[PDB]
Amino acid sequence: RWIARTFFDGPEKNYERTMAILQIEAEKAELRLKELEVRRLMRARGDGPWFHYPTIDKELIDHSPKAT
Amino acid sequence: XXXXXXXXXXXXXXXXXXXXXXXXXXXXXXXXXXXXXXXXXXXXXXXXXXXXXXXXXXXXXXXXXXXXXXXXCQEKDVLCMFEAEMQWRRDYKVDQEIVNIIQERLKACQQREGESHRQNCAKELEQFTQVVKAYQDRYXXXXXXXXXXXXXXXXXXXXXXXXXXXXXX
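First to last, the protein sequences are chains h and p.
Using PDB author numbering, you'd call the opening residue of the first sequence number 73 and step up by one each time.
Using PDB author numbering, you'd call the opening residue of the second sequence number 4 and step up by one each time.
The hints are simulated quantities; they were obtained by calculation from the structure and are not laboratory data.
Check the hints yourself; a few may be wrong.
[To be verified] Simulated pairs of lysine-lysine, DSS-like, Cα-Cα distance not exceeding 30 Å:
| # | chain 1 | residue 1 | chain 2 | residue 2 |
| --- | --- | --- | --- | --- |
| 1 | p | 79 | p | 110 |
| 2 | p | 96 | p | 79 |
| 3 | p | 136 | p | 126 |
| 4 | p | 110 | p | 96 |
| 5 | p | 79 | h | 106 |
| 6 | p | 110 | p | 136 |
| 7 | p | 79 | h | 100 |
| 8 | h | 85 | p | 96 |
| 9 | p | 136 | p | 96 |
| 10 | h | 85 | p | 79 |
| 11 | p | 110 | p | 126 |
| 12 | h | 100 | h | 85 |
[Said to hold, decoys possible] Simulated DEER-style distance windows between Cβ atoms:
| # | chain 1 | residue 1 | chain 2 | residue 2 | range |
| --- | --- | --- | --- | --- | --- |
| 13 | p | 128 | h | 76 | 35 to 45 Å |
| 14 | h | 100 | p | 104 | 41 to 51 Å |
| 15 | p | 98 | h | 76 | 24 to 34 Å |
| 16 | h | 105 | p | 113 | 53 to 63 Å |
| 17 | p | 136 | h | 93 | 33 to 43 Å |
| 18 | h | 90 | p | 79 | 17 to 27 Å |
| 19 | p | 96 | h | 111 | 16 to 26 Å |
| 20 | h | 73 | p | 129 | 35 to 45 Å |
| 21 | p | 116 | h | 90 | 42 to 52 Å |
| 22 | p | 119 | h | 84 | 20 to 30 Å |
| 23 | p | 126 | h | 99 | 47 to 57 Å |
| 24 | h | 85 | p | 113 | 39 to 49 Å |
| 25 | h | 99 | p | 141 | 17 to 27 Å |
[Unchecked claim] Sample of chain h residues at the chain p side, in silico, Cβ under 8 Å:
| # | residue |
| --- | --- |
| 26 | 91 |
| 27 | 94 |
| 28 | 95 |
| 29 | 97 |
| 30 | 98 |
Beta carbons are placed, not taken as given, at the ideal position from N, Cα and C, and that holds for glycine.
Go ahead and model the full structure; you've got the sequences and the hints to work with.
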């Protein structure tokens, strides 16, 4: 009982805790698997703003020339 | 007490019929050593009990029940499975020590009969075969190191084999 105080965390700790660490771990694992799933799609088809190659130009010239 | 089986009643009574010699030397020493150091140790135990006076209560074992089984929680999720893994492990630690009590019941069967041993008892050997067989087929004993997910697969393997045998016969 003396060893339980100021030397031990207790059974309440690491049961309420660790599950909190697992809750962050579950979020870290699912989003990393989602990142592997998103990059597998975004690289194959140019749909989103990920792995997009730069284009030539947006605007260059529109004025009237001396063309035929 | 209660959980322990124990003997029904202890017999034995002094006869002392044949010869005189010097009576029973073991019984004469039994009365001698009762006051020599058996009475002194009983007085010292009573003195230690009297010096205790105030004692701590201590609320014994904690409950914590159910919290939903692993079979009920469908699909893999870390938040749900964690409490289910703890529930199965707590039961497995208890089921290990259930066998140990019945193991000690068989230890009591050997001593408290002695001469008969195998011919008598009949209940303790039957109770041992009822629990160990249930422990062998359900609670691992073939599924290597302990795992909650493996136990559900082991239970499904026994159920599928039983259903295939029942439908055929």
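Each hint tested on the structure:
| no. | hint | in the structure |
| --- | --- | --- |
| 1 | 79/p / 110/p | 44 Å, violated |
| 2 | 96/p / 79/p | 24 Å, holds |
| 3 | 136/p / 126/p | 16 Å, holds |
| 4 | 110/p / 96/p | 22 Å, holds |
| 5 | 79/p / 106/h | 16 Å, holds |
| 6 | 110/p / 136/p | 19 Å, holds |
| 7 | 79/p / 100/h | 15 Å, holds |
| 8 | 85/h / 96/p | 21 Å, holds |
| 9 | 136/p / 96/p | 17 Å, holds |
| 10 | 85/h / 79/p | 25 Å, holds |
| 11 | 110/p / 126/p | 13 Å, holds |
| 12 | 100/h / 85/h | 23 Å, holds |
| 13 | 128/p / 76/h: 35 to 45 Å | 43 Å, holds |
| 14 | 100/h / 104/p: 41 to 51 Å | 44 Å, holds |
| 15 | 98/p / 76/h: 24 to 34 Å | 27 Å, holds |
| 16 | 105/h / 113/p: 53 to 63 Å | 58 Å, holds |
| 17 | 136/p / 93/h: 33 to 43 Å | 40 Å, holds |
| 18 | 90/h / 79/p: 17 to 27 Å | 18 Å, holds |
| 19 | 96/p / 111/h: 16 to 26 Å | 44 Å, violated |
| 20 | 73/h / 129/p: 35 to 45 Å | 43 Å, holds |
| 21 | 116/p / 90/h: 42 to 52 Å | 50 Å, holds |
| 22 | 119/p / 84/h: 20 to 30 Å | 52 Å, violated |
| 23 | 126/p / 99/h: 47 to 57 Å | 55 Å, holds |
| 24 | 85/h / 113/p: 39 to 49 Å | 45 Å, holds |
| 25 | 99/h / 141/p: 17 to 27 Å | 35 Å, violated |
| 26 | 91 | 6 Å, holds |
| 27 | 94 | 5 Å, holds |
| 28 | 95 | 6 Å, holds |
| 29 | 97 | 6 Å, holds |
| 30 | 98 | 4 Å, holds |
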